[PDB]
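Trainee: Make a model of the complete structure from these sequences and hints.
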Amino acid sequence: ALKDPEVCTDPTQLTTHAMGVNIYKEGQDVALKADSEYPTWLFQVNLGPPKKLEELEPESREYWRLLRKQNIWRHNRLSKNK
Amino acid sequence: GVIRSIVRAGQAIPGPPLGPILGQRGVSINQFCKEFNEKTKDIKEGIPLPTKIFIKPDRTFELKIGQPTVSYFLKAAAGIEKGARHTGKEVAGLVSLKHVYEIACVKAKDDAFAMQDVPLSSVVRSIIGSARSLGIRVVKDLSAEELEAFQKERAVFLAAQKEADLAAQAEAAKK
Amino acid sequence: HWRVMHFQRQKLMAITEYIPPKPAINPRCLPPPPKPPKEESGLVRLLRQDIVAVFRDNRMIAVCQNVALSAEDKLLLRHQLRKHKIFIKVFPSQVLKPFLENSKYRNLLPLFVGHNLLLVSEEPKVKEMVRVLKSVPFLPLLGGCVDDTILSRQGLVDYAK
Amino acid sequence: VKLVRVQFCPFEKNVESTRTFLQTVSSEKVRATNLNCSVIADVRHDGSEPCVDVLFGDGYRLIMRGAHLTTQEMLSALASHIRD
Amino acid sequence: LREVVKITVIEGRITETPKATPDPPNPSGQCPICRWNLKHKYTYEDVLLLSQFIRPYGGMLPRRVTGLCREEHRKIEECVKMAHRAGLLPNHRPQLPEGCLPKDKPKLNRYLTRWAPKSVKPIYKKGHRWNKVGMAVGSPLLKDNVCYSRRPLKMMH
Amino acid sequence: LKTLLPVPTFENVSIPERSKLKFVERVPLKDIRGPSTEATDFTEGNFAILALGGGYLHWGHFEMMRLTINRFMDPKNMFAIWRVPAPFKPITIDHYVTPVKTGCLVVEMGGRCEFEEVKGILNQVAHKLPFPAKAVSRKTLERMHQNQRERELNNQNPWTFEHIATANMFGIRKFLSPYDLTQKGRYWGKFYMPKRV
Amino acid sequence: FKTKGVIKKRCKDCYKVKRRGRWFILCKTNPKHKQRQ
RNA sequence: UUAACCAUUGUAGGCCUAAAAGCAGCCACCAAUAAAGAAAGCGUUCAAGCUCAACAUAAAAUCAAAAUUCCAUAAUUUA
RNA sequence: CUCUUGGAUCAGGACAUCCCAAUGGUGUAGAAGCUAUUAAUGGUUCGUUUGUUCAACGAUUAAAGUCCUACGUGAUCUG
Ligand code: FES
Ligand SMILES: [Mg+2]
Ligand SMILES: [Mg+2]
Ligand SMILES: [Mg+2]
Ligand SMILES: [Zn+2]
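Protein chains in written order, with this note's numbering: chain A, 1 to 82; chain B, 1001 to 1175; chain C, 2001 to 2161; chain D, 3001 to 3084; chain E, 4001 to 4157; chain F, 5001 to 5197; chain G, 6001 to 6037.
Heads up, none of these hints are tricks.
Below 25 Å or equal to it, Euclidean Cα-Cα: the simulated DSS-like pairs (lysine-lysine) are:
| no. | chain 1 | residue 1 | chain 2 | residue 2 |
| --- | --- | --- | --- | --- |
| 1 | A | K80 | F | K5020 |
| 2 | E | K4121 | G | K6018 |
| 3 | A | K3 | B | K1089 |
| 4 | F | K5139 | A | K82 |
| 5 | B | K1107 | B | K1044 |
| 6 | B | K1052 | C | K2074 |
| 7 | A | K82 | G | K6032 |
| 8 | F | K5190 | F | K5128 |
| 9 | B | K1034 | A | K3 |
| 10 | C | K2074 | C | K2127 |
| 11 | B | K1041 | A | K25 |
| 12 | D | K3013 | C | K2097 |
Hints are computed from structural coordinates only; laboratory data are not their basis.
Mentor: Put into structure tokens, the structure is as follows:
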């Protein structure tokens, strides 16, 4: 029942280290490497909502993959009432 | 036979939920919890750990365990107390983009099979859904002073929430 | 209860009833009008490009019938093949036929019957491919082509050495 | 059913029922269902019609050729023979 | 025609089958009946046509093998029953498994029997002049057949 | 190759604030005879119930409709409206009734839903009405009218009810009512004939 | 064998037959579901 | 619009609810994979378990013609 | 605001069956029961009024069925 409350107090440490990363009691908390030391694509992740069917290209898997989910959504909607 | 549980290392004996059913299949129930407890000593504890215990006609104990749940792991990273009931407008933890990258550098390595989860987008989007599933709003970046301003609002908001529950609880007791 | 109609009025209704005209020939038994050409949705064209790239890029293509292995047991084979950097490819049979009709490989159509899977790589690690096959005895191999040469299972085993 | 033996030749265009029947025989639920059976698959390159052989420890041997028998008949005969 | 032979070892041998007479009078007809211009000109009495779609034990063949369209399949199926009930197919009787023998009762002559004789109730109370209960004769499915009479056929007797 | 296609979208639908059906108060012969002149077309929603007979709806009928629809409908995605007046005609006063004519829409539903979802419940409610009715939609309702026009144009009968009645051939008007000239034989008492042309 | 005006299938296993001049819905798993017209 | 075959996972999504895990709710509802809804149903004290939809593989193609004792006889095709 | 029925004798008939008979389902272990389908075969008792607006009580029975037939039936009898 002892869910851990909010932890840490230092914004700089939170942005330059992370205490919660460590998963071994013996293991120490890891520290963050330089920004340039990580790949560019890591920082280029999509931080917004997923692209909608209108935005996605009709010739892309993502456009059709969402369309497949929507069709399943429609089937469940119809199947619910029977 | 694969059996999956999220029991926490801190508490090793649920009891009737697990021991009898496994005993009905046929297992060393006393060994099972103690075997879980000695594993708890070896590694961290107090956190819900998924397990993949295998039960066969041979009746062989094969516990499989590893790194803990993502939500609790993210809660420490974002300083999240816990989930809130509403989860619609509830905001607890806001964390930096860089912090998200570093936390998951080794967390995704806990995959039971060596899943080629090279895109971290798969994990952050799952955490976005997880946080929203919890009483959490995940913003791109939060300022510490902004957190303090909200925390003052949250304390007032939480106090009003308790009063609303108390009024309903008192009314229910009268009924 | 419907109030009865004077017999004279009843006679009027019987004579003025609707009569439909009937065609000389029933449409179904007639030859069908030509169907409008179907439009290729953005699945075959995108899928078409993928199959062209995998056949051209990968020198060796091994065709094996799908044995419907369990997901838990399916993962290890992918991981074993992933350790060998060998990929598994599956495509709908319908879209596979047109390329095999007009391509460098055209005699593999009899093999391409039923459920099938394709083993594709960029290196001729055939011994590892056969070794990963030995993990599952029941699963057979139908053969295919290695290094742009068409051969069956019996030849592949000797080719591994 | 103590043992089950299936053989066929892929590249020759001939009976396909056997290959589908092999798939049904080589099914994880089926192999568990008749656990006693040993599943064996051996592909051949000669000009030989596919032959299915079922072997019993009691000495009864059931040989089945897909040459003109459909997959349905394969299972139907197999089921009745297992009963005996 | 494929026959399965059991010699235990069993095998099936394919044999030759006679082919349809060449030169259909009306090519481009999708169903075999249309090809020969027989749409509305066959009845239960036409055993020669009907027998061609019958198994050696009197059963109907599946549509996929025959290739008939839905409308003609239902008509042929219904006409076969009446031909059986009218004693017009003596060599297509049911198979007696081990010791069963024909019931050996007297045979009542019939024709144009819509329903199974077993499960029809008697008409104990017939009606008065224009409230009479009718006794069905023939099948509704064959209504549209060509008629050589001044007025349409009387289905209810 | 299962062929997937774009799914229909309800991005044009807007849900009213008051989704549920409001309560009808218990308290405030040619009326049911002949064709309906009111509420004959779709107003707001895409689905409704269409009467095929003339009948009186008392208060008890209203509650049966209200409770059934309110119990099933989802306020978030569904809405319903009343398309008929409340009971106003006094019957000896013991109770009040709302007259209904053939072709009148009784209740109309809408929202982000398709007809197939609501067919079963609407048909069930229709069966319980005191007059014969069937659930219809915008497309189905238009098709019936289109079918009626087709039947008149292609009819092969040289003789029709309208010509004979208006021209008094046979002196047929001796045996007819004034209304026959208007209705043209499509209405008899309170009953509507669906195939009379 | 409840005799009802409309016979309706009540479970997946229910099936329909035409015996002795009437329509039946028969379910082996649940004999409760047996009906006649 | 269908009859054939199937089912891996982030994690048991938060929430006084012990727990309420796709399924009491309650808001969110995202994730990987070719292909899988924080689930259209059952079912579990909660869990388990059964299904649906997905994976490849197939095929077909609206309303209508009761009380004395049965009561003409019969009949489907000739212009 | 109001204002023809009983009984005796002899019974003809319907099935919407009370008992006897053949069956399906069950929250049917056996024994008892509750419900539904089919069928008109013969049967279906004896005494009594302190209170009870077209009621009740005693003793029994395998059962003490519901109805139609100008109160079935007074040129057969009777209150
Ligand atoms: S007879 Fe030709 S399709 Fe019907
Ligand atoms: Mg009598
Ligand atoms: Mg009865
Ligand atoms: Mg007298
Ligand atoms: Zn059932």
